[PDB]
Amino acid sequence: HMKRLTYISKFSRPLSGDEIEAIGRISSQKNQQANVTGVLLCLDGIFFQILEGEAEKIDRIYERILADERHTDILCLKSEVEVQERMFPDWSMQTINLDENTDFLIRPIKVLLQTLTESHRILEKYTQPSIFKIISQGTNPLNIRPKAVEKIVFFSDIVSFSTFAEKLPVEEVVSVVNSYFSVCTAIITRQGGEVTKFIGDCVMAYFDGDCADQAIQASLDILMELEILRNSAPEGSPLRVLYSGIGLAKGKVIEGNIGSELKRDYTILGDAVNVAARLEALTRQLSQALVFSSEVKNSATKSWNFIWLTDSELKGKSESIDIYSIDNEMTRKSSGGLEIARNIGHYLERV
């Protein structure tokens, strides 16, 4: 099996001739001890690199490049798993600095490579990094046929969020939404989870089938990070009255490409999604900042201090579902805030 890695990279520090040449030197040298090949390119503070060789050798090389101080946003563009005949056998790493040389046919292609990457950097921010990992794994996400997979759906939102949008100016509101979103996304990803949607102030994420505990943990930390943010903010910041509401549900969902021909997403779709959505909806009524289904509770390895709440039902297998929260110091501090939903408005009046 022969691999083919292609990627883009940004210059973290403005590199000069001596530094650029040094990168080109080591590359051709080390590749000879591993038989591996490829081509290096350069333009307006951007790197372009193709690589060919053995899967175990090639994967070790890419890992090393990710540690360099002058490298930021190392995005793999294509990864061919099985290759019969290498497209670059006569070379090792023939560096091509287009920043220096200017010809006739190259001049238009130069502008092209600048605008193409520029645009590719703009899309990168608006695309779900879940698809980028798929490309890097060596698969076209559009080619993925939908599958039946059991998962834990996470659904959260900002408590009495409408009062922020009603009182505060448009700029102040979005910074608070984004703040919350960037917090919620961070904790979930690091816990091996995936944020897949947003709607107003809603966040919708998912974790593995067995990842019940990792999900419970993620919700507790979201509350935790918000507790610090409620106090540690200065007197005259809306971030003081920021509270979350979280819902979790386990079940079999359909994950794949779901949307119009124009725009789609590699997300989940199932009954569990709505089960979570509706459970979270109940956090303001149950006065518990965290709410989850009995299936989540049973799927847990750890023996958490679970609270049982007045069971309610909707769709599914027609049968009723049991609602559970967790009795913790963090939950107690956050579950009381749902009855402070009228004391938050008093604060937002002054600002």
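Residue numbers count along the first chain shown, from 1. We call the rigid core the largest set of C-alpha positions that still match within 1.5 Å between the two forms. Compared with the form deposited in another entry:
Looking at 189, 95, 114, 127 after a core superposition between these two forms, you find that only 95 has a C-alpha shift of 2 Å or more.
Relative to the superposed core, residue 326 shifts its CA atom by less than 2 Å between these two forms. Once both forms are fitted on their core, the CA shift for residue 271 between these two forms remains under 2 Å.
Annotation for residue 86: C-alpha shift of 2 angstroms or more between these two forms, rigid core superposed.
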Contents of the next structure:
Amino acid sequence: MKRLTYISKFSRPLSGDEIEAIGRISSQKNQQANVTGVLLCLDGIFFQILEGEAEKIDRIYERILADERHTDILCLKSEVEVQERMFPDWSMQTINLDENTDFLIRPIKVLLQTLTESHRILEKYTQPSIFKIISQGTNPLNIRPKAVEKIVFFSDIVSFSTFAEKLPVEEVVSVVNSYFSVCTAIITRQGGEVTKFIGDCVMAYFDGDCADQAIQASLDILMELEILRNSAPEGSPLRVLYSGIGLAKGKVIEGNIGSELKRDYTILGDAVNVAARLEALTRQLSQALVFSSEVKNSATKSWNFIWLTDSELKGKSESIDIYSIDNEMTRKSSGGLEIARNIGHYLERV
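Next up, the form deposited in another entry in place of the form deposited in one PDB entry?
The following holds one chain only.
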């Protein structure tokens, strides 16, 4: 058997009658499916436990994910190989805690609502990958560090200091957050994980055998930003939002890194520095994407590679041949320095 626990947020106000109606329909359907569980609500938050045969549970959950009456659905626990039902007598027992007045339940409700409102804020400051590990039954704090081969992605905004000096502070933050959103959506879609922001910089990583995905993510980010620039409103700072991207590949250490006050589950190692140093080279080139020969040679698709004969990097060991992709995008460009100059001219006059 399988058992799922999740929390969600009301998408709109729901009356007590509407909540009980959800419970009636849930009980009618779950009884036929040999599914049991409990559904609680407290001040605009749902909490549900569902248990039964795994195939059936998965299909019910996918239907629940399509219900427009809740949103921000977070799976807290996914238990497989469950032996005994927790709620064998309840096809779906509905407990509206807003309406409950029992004297012992009253303090429990206060603590549950305080902890829930804290948790739902902390979620936004937390990586989704952390929640996935917890839901699988593993405490991420006890994962031991390990050496692992990764593709490291590093990107930043071209001439970002100009934004910070020529725009209102609300608009500066809107631009950087738009950029971080674009990068995160595409990296995550390609199976990578964003691990760190610092200033206007993104650091992300992919599995070591996923160079094709790292390259595709990088090209798709550059195309998404081109579309965003061309379609932005008149006078919008997004019209001059440009990126550089560097990719490197190497053995890194993955694990919990930080202090007793705060840590992240992230990566350490030379490929992080190499990716950042390659990304900085894009400021002297017409190409917005550059990557090492190790990334190039690990790819399996027939990419339109171009060798950037020069390899004037610093801090490396045996230098490195550097490559890009030659497409209509990386080609139709007038190069950093010129772009930096235009960014200032444009932003001075918006």
